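**Student:** Here's the letter readout for the chains.
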Amino acid sequence: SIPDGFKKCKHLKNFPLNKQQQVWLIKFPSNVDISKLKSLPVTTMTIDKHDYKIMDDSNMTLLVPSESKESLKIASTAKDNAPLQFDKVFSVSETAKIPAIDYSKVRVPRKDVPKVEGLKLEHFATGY
Amino acid sequence: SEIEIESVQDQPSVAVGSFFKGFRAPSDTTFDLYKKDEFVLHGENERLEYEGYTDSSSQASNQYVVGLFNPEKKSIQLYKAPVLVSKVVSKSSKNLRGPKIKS
Amino acid sequence: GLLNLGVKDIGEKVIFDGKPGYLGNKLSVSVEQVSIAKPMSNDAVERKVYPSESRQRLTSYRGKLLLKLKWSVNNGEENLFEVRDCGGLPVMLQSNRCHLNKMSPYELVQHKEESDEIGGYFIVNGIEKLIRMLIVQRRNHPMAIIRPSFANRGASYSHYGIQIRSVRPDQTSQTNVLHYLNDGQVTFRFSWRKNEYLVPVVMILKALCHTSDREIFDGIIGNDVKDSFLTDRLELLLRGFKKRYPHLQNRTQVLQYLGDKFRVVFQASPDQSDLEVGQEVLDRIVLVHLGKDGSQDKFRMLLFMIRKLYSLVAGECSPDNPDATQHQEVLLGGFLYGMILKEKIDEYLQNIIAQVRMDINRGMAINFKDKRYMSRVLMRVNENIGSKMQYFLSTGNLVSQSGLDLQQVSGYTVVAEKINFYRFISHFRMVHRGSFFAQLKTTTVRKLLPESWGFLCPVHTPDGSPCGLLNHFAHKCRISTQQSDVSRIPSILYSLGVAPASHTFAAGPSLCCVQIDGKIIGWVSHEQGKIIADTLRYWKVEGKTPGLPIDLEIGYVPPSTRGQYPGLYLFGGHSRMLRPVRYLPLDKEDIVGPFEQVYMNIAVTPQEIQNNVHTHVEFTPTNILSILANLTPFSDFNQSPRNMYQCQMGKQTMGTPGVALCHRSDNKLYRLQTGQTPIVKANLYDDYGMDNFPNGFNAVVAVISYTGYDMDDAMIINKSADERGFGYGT
Amino acid sequence: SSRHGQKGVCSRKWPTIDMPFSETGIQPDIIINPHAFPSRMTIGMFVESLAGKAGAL
Amino acid sequence: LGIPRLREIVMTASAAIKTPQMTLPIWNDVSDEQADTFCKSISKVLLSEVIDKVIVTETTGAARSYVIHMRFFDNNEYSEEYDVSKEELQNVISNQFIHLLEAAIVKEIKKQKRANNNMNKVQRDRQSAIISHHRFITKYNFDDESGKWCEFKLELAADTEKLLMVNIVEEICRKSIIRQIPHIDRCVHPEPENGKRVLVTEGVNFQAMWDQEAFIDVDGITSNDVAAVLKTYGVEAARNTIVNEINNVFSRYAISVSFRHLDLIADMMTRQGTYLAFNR
Amino acid sequence: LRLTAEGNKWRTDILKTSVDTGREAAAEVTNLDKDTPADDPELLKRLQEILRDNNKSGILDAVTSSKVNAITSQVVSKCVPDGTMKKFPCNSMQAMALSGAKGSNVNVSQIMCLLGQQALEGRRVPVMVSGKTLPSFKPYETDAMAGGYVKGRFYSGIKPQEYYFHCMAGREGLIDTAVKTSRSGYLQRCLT
Amino acid sequence: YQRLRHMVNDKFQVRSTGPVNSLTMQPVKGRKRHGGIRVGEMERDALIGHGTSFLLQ
Amino acid sequence: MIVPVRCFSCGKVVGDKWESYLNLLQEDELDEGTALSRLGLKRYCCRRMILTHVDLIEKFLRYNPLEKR
Amino acid sequence: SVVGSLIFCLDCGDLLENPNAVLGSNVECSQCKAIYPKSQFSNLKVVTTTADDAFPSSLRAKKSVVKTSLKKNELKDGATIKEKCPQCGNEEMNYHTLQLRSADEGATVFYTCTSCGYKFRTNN
DNA sequence: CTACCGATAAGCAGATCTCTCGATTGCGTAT
DNA sequence: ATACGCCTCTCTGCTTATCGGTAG
RNA sequence: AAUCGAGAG
Ligand SMILES: [Zn+2]
Ligand SMILES: [Zn+2]
Ligand SMILES: [Zn+2]
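Chains as they are written, first to last, in the UniProt record's numbering: chain A, 24 to 41, 49 to 72, 78 to 92, 105 to 175; chain B, 8 to 43, 49 to 115; chain C, 59 to 78, 89 to 111, 116 to 802; chain D, 918 to 974; chain E, 1217 to 1277, 1286 to 1338, 1435 to 1600; chain F, 833 to 1024; chain G, 1033 to 1089; chain H, 1 to 69; chain I, 2 to 125.
Careful: at least some of the hints might be erroneous.
Heads up, simulated DSSO-like pairs for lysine-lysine below, C-alpha to C-alpha not over 30 Å straight-line [unchecked claim]: (1) B/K112 x C/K315; (2) E/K1473 x E/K1310; (3) C/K791 x D/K930; (4) E/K1234 x E/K1256; (5) I/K72 x E/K1260; (6) B/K43 x A/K36; (7) C/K298 x A/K135; (8) E/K1468 x I/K63; (9) A/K68 x A/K49.
These are calculated hints, taken from the structure and not from any lab test.
Please construct the entire structure, taking both the sequences and the accompanying hints into account.
**Tutor:** Now the structure itself:
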């Protein structure tokens, strides 16, 4: 039951995997322009005047296309019939800067109840 | 330090599957990759079906990448390879039902 | 609206005649639109009717309830519509179904009502009525419970269990209780009709979505695969299910088993296949707050609940107190109206179907297209939905065929007495736990807890029988009546670092579970979860990011040894309790809720804001008290029982009810002749406009032992002052 | 009652001439026994009477 | 205390007092330390109260073996805390606990069908006796030299599906009793009241304290329960203990009731030679 | 209801000794070293165990209550009747507390010297699941005021937190009298 | 000062003779219907304890 | 409702001073204390009777059964 | 595959039957209908210890590091007042107030001597 | 050996001070 | 319109089932 | 006359 609106990829690009190259899985938010991704740390990078967190983090398998460019074969280089687990994995997450509290302004000593003004003798002895 | 980027590959080149823990597959399994960056995968064999699809709720915000990192260099071979959840059905008992209504 | 969502989700109830595998003809009646109007009178052309007339005639104040059926035949061959009025629906004053909806003070006075009238109450049979605000378990949150009655339910039942209350967009409630059995099996309990039902949890898990068993193992047990307690419990569960139901080898077989099991109680149609009726029970019972087409989300939620139950029974998490405000929310009173209206129209559809079935079983002159037949059958049922609602208001009895998750039948509407404006305004701020707890002997439910700081008034509570039960609202405590727009928060959370649920393969209280409205979003570490909660609060306070409304409730629960179950919980729904607070960074008003308060430091005044301990502060300490409990002068110098007795006796004075007394016909009305404003008063005396309804008189009071006629509690009144009108009333 | 839970029934309507009079000529309209306070402990009524006299002045 | 106690005494005349207690005078020569030793020797100790942890090592690879290694507190700790010896503990384990455990296991199965072993041949005869007398045991060895542990294999068959075998052990370990005087769960030595030395035990069993004449003045043994006193001491002693009990409630609330009233109440209650009550 | 300048000085000097009673009580209940800081991670760990376990919570709420009640008794004895600016027989409040006409030395001490620790049942004020006794107090607070030790007096009014604790205590009293009125007798009918 | 609504004209009642119950020939209930007040079980027990027997009868 | 004819405590006729108090408050920028002193109210028993009067009768009067609205 | 005491199918994830409950040398996946030898599953071990709150004992209380036991001697009930003792005359006489019989009735104080142990619960 | 008994386990019946006001008391069939 | 037929959380005792001990 | 609600001691 092929879904409507879905077109099979009749051809696919290659995947040049043969100290040999390691395979990394890296996440990005939508708020990152992956096109002009100039560089990535190993960590509080600045991208488009915006800061992101970078840290390190197997169920997920790798689907590398075979020599047909019509489907995917499971990656394996050590010949163990087991997926080639990523040699290192990194993650990218948003960060924000929380303002430090100005205790110098927010620690207000208590103001005493303000004395009324214009207070004079409203009571006098009888006959005065 | 920081790591350089060679070329982000926006065209579908790699895919990522998440079947379950400790999953291994026969050497004669292949998967059908459809596009609409959402994908809906399908792989078949004698007794099983690899019926899978992406989650549109998660993909519209997060985007993944698979990359090859040179040790002898300072460059990364980045690729746009999304992750698809996969439910492995069995041909043995996929079409096994019962009567419509009990009298 | 809520009513239209309810009539939508009600569904269609069908009947057959069998008249020639031809099951017969199909008639699927349903209502798709409900409309109300401000009441009018035929005194030809309708003239607006104002509540002054209803009050003066000693009658009710009700509009017209419009119901359009859908007399559809055989999957839409021919569609018949009929807009049928269903009696008079009482409406509350100062609501959009009332003529006083936006009248200025001048217009209100012109139309004989009041200068600063507040509605919120109904007029039925010339007696004013109001719908109390019950307090119920927090919606869409699974809370671990230890209860002796759970084990008393039968053999092998234990105290442990997880109870969740899920709420539909209709604002109707469904309870899903995950019991625990000492052998190893988990028993999902629910209740469709007045009777209850028990289902093995793996059966419902598999009916939800096509899953393996290794996926259940991974979803209940995370990377904690060395925890023998968990491995053995889950192995017992899985093997017990695989034993008792060996033939149910796929989702369809499980669903057909459920549909076979649930036929007569669910009133399933003879047309409906067992598979689709099983999907119907699954989507009409299990975790209704995710709605239909959310099976993957329901599956993740049930795995979360199961792992939480095993955490509870291993003693790795503390029980959740069901009678603490940290885990509560309030039934507004209009939502009770909506739910009861949905129930009444459901019974109305059932009544018309019963009439057509009686026509089937007595004669045969029946035809679905026969409009004469449709008119003759509709006009032989009782379409007094509005009169049923008037009965509900005037009696307080919840005549229900099924009964909602409410634990009580009676005690829902009380008269709004007009002895005194303190009393009148107090009716609209009181919360009752329920008559169930009214007749009980557990004192601890009547306590005062540090979880009600700013939400329930510590002072305002009657003594006597209702002490601790009937406790009022803090005057700055707001109840949300609209759903916050959370459409974008999942998108923000993923950017923040909340790794998506669907492809993360993790569980357990060793990581934070990010959830929104009882719907798992993702999984993240505890340090990063604390950072995410901080960032959410910051971006919510600075209203720049358009994904975070101010009403968002960021409940972060850090990892605590045998404490509450950890995880980051976000809320946006109806019936929450909210109160303002000053977020120290950016120094602007924040909104907090009882769930998230108990884990954050909120300095009471700015003078004792400590370093690196506090992030919030009250605007003022006086907003933790009710209106009555705030109008008492120098109440921090009195002893607390004396403040409580003042809160009680301020509602019993002979003050002034109102000024429009020439246009009312109340049974008994106490009025003070000459009131005065107090010389010494709280600031909030003026803000709530109490000077429109003076309650007492300033008097010169001598603290003297002179008379001998005032020793225990008596007091002496000057005779001359009494002859001069001191304390006079009619 | 006052606004401090100091209820009590009117025992007798004392004649004005029999009421104690002050140096300013005023006779209180309410007499409250001093023994109401030591057990109830409503010091708020004391400070309120103080402030009410000052405000009326 | 209070109205619950007066309901028990006057409105119910329950034989089963909610909290039975015994007052046991001590001879004026028995020292306080010896009195505490007597308390330890009289008070009940369960097998649970001496076990630190129990490690159950299942191994289904067709006999489902169920090796159990129950760890004990250090002997210098638990002997001094409970007056329990290694030999007494070993006898309790070998006799009572294993039979209780296997009874629980067979009940569960019936419901379910719906450091070193360098033996000295004494331990070997003991193991053979345990194996013969027991329905599942196959291994057994006790730390006779140090009194710190006990391990035994409870071998089973593959017919049976999974057992918890840890909750079972916990429940049985709570059930089993090392030593116990009937009806007594604890003997606590409070401070003297009115200068008289008294031991108070948590259950009433008169005929069991008569053995320890050297410690307890059995002439002065009076107890909280009235039915027990009426059984073993007659009507008049029951009337006296009724009066003392109904006077103890008011005294602890510093409420004085004339002893004539309590005496009349007691005489009406015991007018038939029995412990009547004020009810239907 | 007033004191002298030196009476208020005595009161404040003795109450300044109540800045460490709660912390020392906690430091000895957790079997820790004395003079241990109130932010010690080991102290917080042991305090969390005390919070989890009801019996250990009772031990803490008894020891701390003992020490703070000792401080209260010191204040009362030192400042009455030697601190009042008006003295018996002139002082009418003290006069009717002494004569038994109405009131007690407890009430007089509460109006003039100290309100003292509020006890709910036998323990101090309830503690939330987070280790917080109130939103205003940080988790696992070794402060007497946090645990319900009201150092204010009805003459000079009590702080918002102490007001909340005092409301807890008053509500407890009214709940107790509610229970008494509900289940009262029938013992007298059965006897008579 | 606030005037509470529990005035004493709604509290006092006196009956010498008047309407009686149907089958018992005893005073009716209720202040507003001219009925007598009840001498209950505890009043009877207290009236016996005085030794007042003609009074109790 | 409306200004009392006499002071409750002493009996000094304060019923003829409400309009004058209002005028002294509105036209002149007098304080309430200054206005009451200039009105002839010396005892605070008499001062309170005009200082604290609310005059609810004006609000009562807007509901007139005998005039079309 | 096999995890502790459980075996899951490698190809569909269904829970395999316990080997010692079926025939020799081969077990069958119910879903995949595959074959798994009874080799490579030599032992299904699960080592479980007790709850560490299972056995509440006086030694388990003393096993902890916090203070668990409160002596009668070490409890000084506090609340010392200078009331006069009706028995002996020692100055100390502890107290406690408990409102009774109404929300308005007078208070009562449980006066208790410290020397002779005399008790006095007097309202006024 | 055999009644014959019996120690459990299980089912079942009843209470839990005086006073004053108001508001409301139900619904399906068939001549 | 109007007369017939009808619908979820205590706590003492006294009294009985049930599948096995128990003297002759 | 039963219940429901409100209250007084
Ligand atoms: Zn005057
Ligand atoms: Zn398989
Ligand atoms: Zn003494």
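**Student:** All hints, please: hold or fail.
**Tutor:** Each hint, compared with the structure:
1. B/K112 x C/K315: Holds, at roughly 25 Å.
2. E/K1473 x E/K1310: 21 Å, holds
3. C/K791 x D/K930: 5 Å, holds
4. E/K1234 x E/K1256: With Cα atoms ~24 Å apart, E/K1234 and E/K1256 stay inside 30 Å; holds.
5. I/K72 x E/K1260: This hinted pair holds, its Cα atoms lying about 21 Å apart.
6. B/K43 x A/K36: Since the Cα atoms of B/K43 and A/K36 sit roughly 18 Å apart, the hinted pair holds (cutoff 30 Å).
7. C/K298 x A/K135: Holds, at about 25 Å.
8. E/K1468 x I/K63: With a Cα-Cα distance of about 18 Å, the restraint between E/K1468 and I/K63 holds, given a limit of 30 Å.
9. A/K68 x A/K49: Satisfied, since the Cα-Cα distance of roughly 24 Å is no more than 30 Å.
The structure shown violates none of the earlier numbered hints.
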